[PDB]
Amino acid sequence: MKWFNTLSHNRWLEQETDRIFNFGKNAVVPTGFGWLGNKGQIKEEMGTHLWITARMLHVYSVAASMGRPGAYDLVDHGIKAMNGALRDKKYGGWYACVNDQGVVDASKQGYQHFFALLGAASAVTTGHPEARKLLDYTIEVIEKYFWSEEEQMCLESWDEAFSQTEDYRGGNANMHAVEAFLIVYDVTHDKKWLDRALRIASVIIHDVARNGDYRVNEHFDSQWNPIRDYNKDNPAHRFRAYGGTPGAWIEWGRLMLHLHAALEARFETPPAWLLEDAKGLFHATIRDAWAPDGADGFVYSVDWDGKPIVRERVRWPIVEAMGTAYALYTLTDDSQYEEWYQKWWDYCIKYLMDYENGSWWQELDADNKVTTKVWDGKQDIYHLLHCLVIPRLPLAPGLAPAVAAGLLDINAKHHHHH
Amino acid sequence: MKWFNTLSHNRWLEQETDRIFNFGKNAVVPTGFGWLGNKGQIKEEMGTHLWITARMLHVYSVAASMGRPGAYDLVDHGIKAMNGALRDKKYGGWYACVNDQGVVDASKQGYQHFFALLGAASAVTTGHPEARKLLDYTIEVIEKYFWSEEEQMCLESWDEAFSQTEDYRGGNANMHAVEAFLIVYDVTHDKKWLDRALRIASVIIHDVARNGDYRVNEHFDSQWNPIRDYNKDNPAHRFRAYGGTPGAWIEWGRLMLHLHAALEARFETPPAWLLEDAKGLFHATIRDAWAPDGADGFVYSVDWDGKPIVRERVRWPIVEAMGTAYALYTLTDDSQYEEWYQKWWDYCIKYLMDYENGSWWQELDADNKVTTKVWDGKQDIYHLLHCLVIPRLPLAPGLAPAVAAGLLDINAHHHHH
Amino acid sequence: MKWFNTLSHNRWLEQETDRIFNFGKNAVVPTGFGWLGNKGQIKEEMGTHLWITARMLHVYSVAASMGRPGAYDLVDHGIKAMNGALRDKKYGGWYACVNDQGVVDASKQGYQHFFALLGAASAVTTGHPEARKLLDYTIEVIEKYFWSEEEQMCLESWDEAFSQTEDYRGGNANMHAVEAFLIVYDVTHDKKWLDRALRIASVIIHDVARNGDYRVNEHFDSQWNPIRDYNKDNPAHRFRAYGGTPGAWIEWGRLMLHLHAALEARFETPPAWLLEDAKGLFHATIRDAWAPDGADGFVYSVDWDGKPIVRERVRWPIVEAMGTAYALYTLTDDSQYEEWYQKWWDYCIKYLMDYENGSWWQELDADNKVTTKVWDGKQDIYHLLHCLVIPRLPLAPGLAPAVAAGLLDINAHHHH
Amino acid sequence: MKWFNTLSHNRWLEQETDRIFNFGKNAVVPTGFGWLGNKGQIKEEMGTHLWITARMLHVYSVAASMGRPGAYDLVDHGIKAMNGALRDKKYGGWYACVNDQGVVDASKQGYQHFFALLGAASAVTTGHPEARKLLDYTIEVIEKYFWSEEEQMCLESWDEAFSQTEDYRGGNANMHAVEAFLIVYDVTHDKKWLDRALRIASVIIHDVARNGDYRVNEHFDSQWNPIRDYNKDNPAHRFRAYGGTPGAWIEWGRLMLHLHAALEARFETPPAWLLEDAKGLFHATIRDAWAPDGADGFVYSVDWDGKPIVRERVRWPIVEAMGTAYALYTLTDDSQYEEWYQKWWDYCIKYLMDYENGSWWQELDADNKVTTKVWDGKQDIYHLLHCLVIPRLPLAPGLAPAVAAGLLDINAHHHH
Ligand SMILES: OC[C@H]1O[C@@H](O)[C@@H](O)[C@@H](O)[C@@H]1O
Ligand SMILES: OC[C@H]1O[C@@H](O)[C@@H](O)[C@@H](O)[C@@H]1O
Ligand SMILES: OC[C@H]1O[C@@H](O)[C@@H](O)[C@@H](O)[C@@H]1O
Ligand SMILES: OC[C@H]1O[C@@H](O)[C@@H](O)[C@@H](O)[C@@H]1O
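Chains as they are written, first to last, in the numbering used here: chain A, 1 to 418; chain B, 1 to 417; chain C, 1 to 416; chain D, 1 to 416.
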């Protein structure tokens, strides 16, 4: 069965994408974007998070490029929010969480600042007259506090006043740095952004993960030595789970293929390890995490021997798996990847898609029934673009640049025989 | 006005197709696919029919090839049903009807086995790893019990244990054999299937129908002699109506054009009678059955002088008419066929389409008001692909193969030359 | 940001178009098309208006050409209606308004007859076997009573019997004559239709509007001299507002560019003033009417110095502005026009589109909140095709002909 | 076998088209275009003929629209020529033939003036700044002297001073009037040219030819009564052959289908007889004139019982047959027309194409061997566009307009 690069499948994806764009519109709050619950209501107690606001700015940049009325107003809202309450006008950068009445979390989180970077870079592709100013400012914050020239890797977090950095180094924030750096590169061609991306991946993936059967180590000390037992007593942490989180492995895989494609796009032969390691991560994710416990789905985390720990099926791991299947199919022409993509789509409509309340469920238990454990509500639509829009685009340039360039369905041009 | 081979019209068709796919999803039951009612609910008392289950397997094969998440799971469900409760594990083939408790109708119905053949052949086009095995098994059953080598025609039915065949021969079962054989040909490229289809059409249409003003005779004895009086006392029978059923005539017309196109595809000149007789069937259907009684719509049945008998407007006849209009337009380029297609679409949205309760009504009275008489519920969506998907495809290969091949919209200043 | 001539934007446009076609279907009544309210219900007390019936005939002609089942039945219904109760079978032409009991308004309104002409011409593009007959008759009525050979302009209205014409000449009726004449030209090529359209535009726009900073004068006496203070006492009139109605200025702009494109289509160099004056009208509209009073949106009317009078934001002016932005973008390649189009789409979804009850609101107050003041319900869908379908087509031939020709998306990018 | 609307066939067509364009370029002379011989040199003794200069103006208009460097210079050359020595500044219109020291044939030939009209209308499609002026003037001459309002038909010829008209009416000149009128229509979108074309075809074809087994009568007296024995003593005349000339019958067929398509293009139902009679003419041409005498090819003339008179195979009849086969295929979708087109292409390359000396031979004997009898030289490339370019275009608008519109290969399969 052929779905990739078919207009019939791609029309289905677009129509679902519009349903998703509609869901996120409910998140608009004066200081940015709020946290949506299971019925698409704002959970006011959660306030305005930096990472959510930046993600929505990115999402509505893509929607704007797709020619959807109202989306550009959300881009504008996003850019205003990044210049408003979220912005620390004393020490620079952005607070982690604010609301109409003040700052709740003033800390300076690297993970969230890389999303700020992605949001600004994607906003630039819309031509919004204030987007490039925002990007330039974000670059200054990143280079001052979050890219380490000494370590040639990303730092994790600081206090409000940028006086003390966290005694921890994280694969997760570094992963989203790679993601953001790809798009910054697409809207600058300052070579350093791609160089930095390759460097980060070489350390986290080609060195550490590859040497552990492609089980990505996320937690390191300040000297970049793995802390294997980090969070052993808080294993279901939302951002720093104990052990391996296979959803991240497979996401890394796709990011490495965007890097491969960006190198190809400047007529450079990419290093072979990008594709090799992307295959490795994909294979490892299925090996350990797909249906390991008597029911379909991807578990949330595994121990260092591949045994599941948190068995809940969170939404984003399978969504990322679908994106990576597409990226691997694109580079390999191997139908096995398409078969996995299809299998996962069937699972998604069966268990995760929520036509009744809107969007998709965020989390299921080990029997694939809606649960509340790891998460609380439906606060994200950003990951969904990776299974809804990415499969309609080349791998270079990246998501927002490629949509703005008019590349949707560009490759959808007798597929049962040769 | 141009609709055929326009992306605007074809987009509308696709959007309606998705509405129809959605309606059929609630038919899923442990033993296969159940019988949906007017509001999309399962009518439990009807059980799990072989023909319905096989048709759904076919429909969701097309949906799967169209890239709809969930459709492949329904293909898988259908294949499991065909390997499970519906399959006669003792004597082979498939029971006509089952439920959770056991067998409701143990008979071995040719009509329904030809749908099993279609369903398996369409499933093959999805690449499902169990589909070819199913097709192989279905072919074995068909050649053992339902294609007669001596008659060079299809048998009608057997009892559960295949001890004796029915003393009756049917144009209806044979029509759906042609339909299935076309698709088996597409997934085998073995001319024997097309040889058989052409042979069947040559007897029922080119001989008997053509010599009867294109009024197709459906009921025959075992020597393939017409029984003109069959079911006089049960005229509104769902599968064996008394007299002629014009919806069937026009359906035969399309099938003959698929056959024509299949021959052309391998650079063989089709016999001229396929097109000639398709024209005759289409014309005769309009002649006897279109608006014959002071209101629009196709009547269900007519006597041998063309006079209406059962005057209800059932859904499938007009749907088939629309499919045949497309096929004839494709072969002739004659705009009259497109005009009919358009007129029929307008009728369908006015009277048949049911946006309130789902799908389309199954049956209307002679004033085009919803009724319950010949039928009971909304158990079919298979026919609707003939007015929704067929117009988006060439005539060769057939429906499911062509969608799998990526041919949707391939043919799409058209107000002048 | 690129939207014009992109399949992603055009798909969004088509899907909204279908939503709009669905809303109008509820307007069917035995005598034509009735007046839809905010819920898509018929407002029976409004009866069956000639202008509404003719507009719906036009709208469903386009829907039919787009391959929508049922639309042709609505064309058929409109044609029957134009041969039924609405037709004055005694004196000729069509009554302004009828109902199931008889004639409500027997007068013969030029404005509404030009819509009859448009409807018939659009219907011809469907091939409906009674459409050409309707067009031919409509042309006869227009040439007898509405196109003046002595004035080389359109007359305004008459009594039922066509015995006395109104002592008034109108820019508004003449504008919609231009619109109708373009489509009659498309389905005939009697040159006179384009000649007449150019003549009308040359008087109302090139002479009078251009000389008044592109503020179109609508109200004239029988000698075609402006009546500047017409309807001072009734400034929010639905068809003859006091002063300038900027939505009409921008509508004139687009029509002139359809005229331009028609001339190009036959390998003729169009007169330069069509584009020059389209630019002038567009600019003047932004200058006087866009967000002139501390909130977004187009006001309804302005005085002769460009100051707002009626500040309500009616639906059709912004819808027409979007159409004209597309036309100007097409001719100039200047992205400022695309930027305006996008800005206005954002405003429309924010304030005008009504996904709850259907269609779009007809009218908002000066703070962009839905109101009832100038208008009453949701009786029109015709204008919406100018921001939904027009951006998917070339400028020649016109709307219904172009859709019938299969030209949707024919023209459908961050660097050179 | 499928050729029509295939890119592979159309590429072959374009490549031959370029070889043909190249051959014509040597015809440039100071006063217009000269008469090319068998090896592509100028037959200087023939001087500059109006019909040749006008045809070359048309051909290079098409070449220019196709983006061939040098072609526009020839369009400019042709326009200058039509304003130079060929132009009668005293009495108006154009002399039939001039040379570098004066007028050779001062007569005012209708046949040649309809080609002047075609050449000007085609030149307008290139946007050359002097082309519209030329067309406008040519129209004035045609309407003064060559279209008769009284007869509703075209006259044949006049003396230099337009004092007396020839006591003769010709189906040939009228055929080329139809041809020219189609293109004038295309660059004016004005009804009257099509009305005139339809009227002309209705008389020559629907009345006279249809009632004589589709054998077109060409020679008429001043009352439009046939002269059946005209040119009995000069049967092989180049423009007025005795009896019927089947090449002309099949050419009429295509022109009627361009007429049909033009009507369709403005959403008008064309009269059924255009297609009926086009089929009739095509069939009759094969019936009487295709391989009638034991070898392939179309004879030049037949008598009124269909028997061949002049048996030479001149180039243009089969070239026109091929164009008509395309037009009939386009309207009917009947493969028999494509089969004939293919058969004729095979004959053309076997016997007519001249890769050695350039272009195609003008004339063969009854055994398909190159001969000199009816004609002398290779002065024409105009007909060749009817088998080289026409099969790559829709039937409306006509040749030069369609190429200028970007329509080449727009329509470009073993089963249904
Ligand atoms: O959407 C939130 C999730 O995003 C993924 O890419 C990872 O960064 C996870 O750690 C995180 O919980
Ligand atoms: O959908 C069921 C119908 O299918 C048609 O093709 C015919 O076989 C009818 O006899 C039958 O009732
Ligand atoms: O839709 C109704 C409106 O149409 C516009 O084009 C103008 O004619 C207005 O005066 C009128 O109120
Ligand atoms: O090319 C010259 C020829 O052109 C044809 O169309 C006819 O007019 C002939 O009579 C003429 O000899």
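Since the hints were made in silico from the structure, they are not lab data. It is possible that some hints are incorrect.
Stated by the list, open to error - Label pairs and their in silico Cβ distance ranges:
| # | chain 1 | residue 1 | chain 2 | residue 2 | range |
| --- | --- | --- | --- | --- | --- |
| 1 | C | 39 | B | 160 | 50 to 60 Å |
| 2 | A | 291 | C | 414 | 51 to 61 Å |
| 3 | A | 18 | B | 304 | 50 to 60 Å |
As the list claims (entries may be wrong) - Listed next, the stretches of chain A that the computed footprint assigns to chain B, with coverage defined by at least 3 CB atoms under 8 Å from CB atoms of chain B:
| # | region |
| --- | --- |
| 4 | 20 to 33 |
| 5 | 346 to 352 |
| 6 | 404 to 418 |
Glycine included, each C-beta is placed from N, C-alpha and C at the ideal position.
Right, here's what the structure says about each hint:
1. 39(C) <-> 160(B): 50 to 60 Å: Hint holds: Cβ distance 58 Å, inside 50 to 60 Å.
2. 291(A) <-> 414(C): 51 to 61 Å: 42 Å, violated
3. 18(A) <-> 304(B): 50 to 60 Å: Given a distance of about 55 Å, which is inside 50 to 60 Å, the answer is holds.
4. 20 to 33: violated (count 0)
5. 346 to 352: holds (count 4)
6. 404 to 418: Check passed, 3 qualifying residues.
Taken one by one, the earlier hints fail for this structure at numbers 2 and 4, listed in ascending order.
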